[PDB]
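Before any questions on binding or motion, here is one chain by itself as structure tokens, the form deposited without its partner chain.
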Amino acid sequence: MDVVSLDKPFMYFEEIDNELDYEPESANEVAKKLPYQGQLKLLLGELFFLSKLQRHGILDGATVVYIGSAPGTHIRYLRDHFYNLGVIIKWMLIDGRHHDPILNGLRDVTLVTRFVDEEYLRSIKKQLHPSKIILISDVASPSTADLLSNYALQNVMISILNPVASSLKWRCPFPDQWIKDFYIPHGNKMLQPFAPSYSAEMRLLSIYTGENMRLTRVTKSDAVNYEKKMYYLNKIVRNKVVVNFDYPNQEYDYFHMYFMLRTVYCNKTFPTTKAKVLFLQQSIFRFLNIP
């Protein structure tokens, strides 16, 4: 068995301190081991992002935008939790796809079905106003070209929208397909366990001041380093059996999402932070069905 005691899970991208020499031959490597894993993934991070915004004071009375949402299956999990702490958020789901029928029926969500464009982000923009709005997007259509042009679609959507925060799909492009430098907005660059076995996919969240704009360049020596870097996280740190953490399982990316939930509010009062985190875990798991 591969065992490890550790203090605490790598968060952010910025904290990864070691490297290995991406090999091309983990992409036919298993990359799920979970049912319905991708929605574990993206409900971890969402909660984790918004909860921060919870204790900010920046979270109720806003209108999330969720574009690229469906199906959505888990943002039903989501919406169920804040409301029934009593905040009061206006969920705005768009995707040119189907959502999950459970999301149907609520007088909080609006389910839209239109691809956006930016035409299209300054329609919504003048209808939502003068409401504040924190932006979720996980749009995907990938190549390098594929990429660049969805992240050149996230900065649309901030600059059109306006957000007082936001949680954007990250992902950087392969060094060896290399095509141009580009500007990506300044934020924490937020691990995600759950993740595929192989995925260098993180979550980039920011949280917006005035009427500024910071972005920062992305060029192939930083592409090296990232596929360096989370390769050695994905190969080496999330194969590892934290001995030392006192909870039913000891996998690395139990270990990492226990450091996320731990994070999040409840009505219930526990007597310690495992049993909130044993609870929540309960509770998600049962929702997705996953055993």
Second form
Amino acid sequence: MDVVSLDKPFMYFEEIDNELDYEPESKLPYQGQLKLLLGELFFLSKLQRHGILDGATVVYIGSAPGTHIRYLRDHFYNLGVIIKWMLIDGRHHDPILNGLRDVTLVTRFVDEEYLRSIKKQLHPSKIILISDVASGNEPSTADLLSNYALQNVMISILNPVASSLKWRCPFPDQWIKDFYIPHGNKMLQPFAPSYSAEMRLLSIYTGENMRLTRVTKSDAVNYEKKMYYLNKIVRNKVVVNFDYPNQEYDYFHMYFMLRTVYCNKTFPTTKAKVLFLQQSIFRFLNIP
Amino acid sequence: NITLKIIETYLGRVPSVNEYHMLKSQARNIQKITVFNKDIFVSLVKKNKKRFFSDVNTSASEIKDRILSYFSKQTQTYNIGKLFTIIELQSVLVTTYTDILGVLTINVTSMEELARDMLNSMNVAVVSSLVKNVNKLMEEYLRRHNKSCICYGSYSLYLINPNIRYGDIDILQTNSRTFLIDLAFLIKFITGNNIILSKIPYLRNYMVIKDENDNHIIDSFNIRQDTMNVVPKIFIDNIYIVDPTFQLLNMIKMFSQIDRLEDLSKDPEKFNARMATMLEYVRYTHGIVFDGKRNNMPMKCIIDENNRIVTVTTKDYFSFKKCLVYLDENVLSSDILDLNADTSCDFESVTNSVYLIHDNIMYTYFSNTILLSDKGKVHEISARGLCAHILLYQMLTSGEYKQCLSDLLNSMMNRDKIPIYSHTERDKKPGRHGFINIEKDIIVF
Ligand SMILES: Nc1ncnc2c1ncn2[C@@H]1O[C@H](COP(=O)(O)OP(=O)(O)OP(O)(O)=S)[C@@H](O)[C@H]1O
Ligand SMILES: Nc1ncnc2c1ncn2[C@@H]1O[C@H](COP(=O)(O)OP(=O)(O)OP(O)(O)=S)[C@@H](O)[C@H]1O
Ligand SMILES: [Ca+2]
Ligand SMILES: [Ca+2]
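Right, and the form solved in complex with its partner chain of this protein, after the form deposited without its partner chain?
In what comes next, the whole complex appears, and the chain from above leads the way.
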């Protein structure tokens, strides 16, 4: 009919092995919070796994309202991972983040000056950066470029050991000029909008070497086609060899993310663990 | 509504606008604190003092005041940050003290020569009394918390060989912080002296309690239930100890660290006893024969000094052709991400490294210095250390390791000392020195 069988979902952009010409003609409640929750839980779990999360200060820029962050915070807190959360945004965060000694809420728009300020304040704390900065229709290429310039500024000043940055390449037909972004893995996001080309650039820095790679209009053509193929073909399929209550691709993808998450409760099978985590997450986000 | 009355009672005054807003969400834990019977607690702490700290001369009255004083210091604290701290720490006592500290109140000598032989070939380089009390308390602790606290090092070997002398008791726990906070308070209340809990950056999930004068009291490494479940353990005297076989493996990896060899020369006798005890155990437990025969062990280790990666040809003993051992953990972590590998096996402080088998190549990190016998040449002491590091993984995953372990030990026999020409440095591990300062109402991580 329109089903498929896969060994695994596409975890990173580089894995997508096909393309389709985009076509200008191209659901869950709080699905945006679920998108961020899964991606960050995945990112932070990876850092926990490789030992960099331990004792770190997670600096989150553009985190408001940040309801989902209260879930991440309790998850790691209950695993006994010591973390200092610093949530920064021009706007206010959800009240459930208030009254917690390990989380600092800062309401203010970041600029170079401010970034330098908290770096002095946090030093010598190991810093983990997560950026979800925006700027109302679809952002212009000029706004996106301004955004990536700022994210680079964050990295260069804050000198984080690892980062997760919002990454959506300007569309081909709206190219301005080439620009640079940190070297890293471009993590695909389950539950992102139907035709979203947005992903999460994950980087683990090596000493004083900020690696910067150029993004070209040619790369833009590629981003648009690969993502269109993924959104149009792959994400619309039901995965038949995926033994789960919901065989939708997005749930299949989610499963490969949640299976990497640690839990002190012991389960018989990975499936039982992922099921528990999923319910726990949906329950928390008020998703049926 | 009821929240305000909770907060007002807790603070012993009427909540200012800011205070009601800030503490509003903690209303639940605060009530738990207020409702907690402070008399039974004073009783509990006293009972504890008599069984484990009788030699501490302080008034039962002196104890009571310290305690009641702490459970009411909110009524005199107006800084919101300090308040959040007091509430956090008080809750740990209210919710966990009874379960943690409350419960507390109800063939070798033959291998000695083999040990000297092995150690001599490697010899080529160049604290408050509260511990006596805390130590005795941990002896009982290990017995009442078999599932959440495991022992290793001296004490664990002392239980096997009473001749072993031990200065402290090394433990891994699934609840270090809660435990350390509870213990810190117990000591604070009995002693009256301000202890500080601190977290060390270059150690994984590590925390230590030091006294008013920075004297070491007790430390602990935190591990998740996953890790605790896979750590090779043995049941002895109603306590779990890390399998002496696994500890032997770590000792071998440990001698690769320059500092440790320097310790070996200062006092060779200290290590003979522990070495011998473990050798004994393995021979008896795994039927390992000690003939100077063991081939392919010291499996070729080639250093690429510029990229700081030691290649270990393992195709003789394992399914994976080789094992790339990184000396910089951040480089390993980044390279693993580049491989799109999301499920590297982590064992935290137990191995101080992740292990990944990808396209039949193992990727891992070595946390000790790598000794060199010559330019670009790995010293056989480090080669055994690297080999031992890989075997830890085999043990943690119920894989094959017996023959290799036999080969490893036998290769340590009848060896001529080889001088150390140089060594690699460990990678630097960034981070702040965190701490909890009870009397100052400060928590900084
Ligand atoms: N020290 C205490 N202070 C206040 N409430 C307590 C205390 N101990 C127990 N409780 C209360 O009694 C219940 C739990 O009893 P337990 O804490 O498990 O046993 P226990 O009386 O502390 O035994 P001890 O440790 O044998 S020596 C809960 O309702 C607690 O709130
Ligand atoms: N640098 C290291 N590398 C690998 N393993 C280590 C290292 N340091 C310690 N270990 C392991 O942890 C064990 C205990 O640490 P220790 O401090 O040596 O305990 P201990 O020798 O029993 O205590 P004392 O004061 O010397 S009696 C050692 O026997 C090793 O197996
Ligand atoms: Ca010890
Ligand atoms: Ca110790």
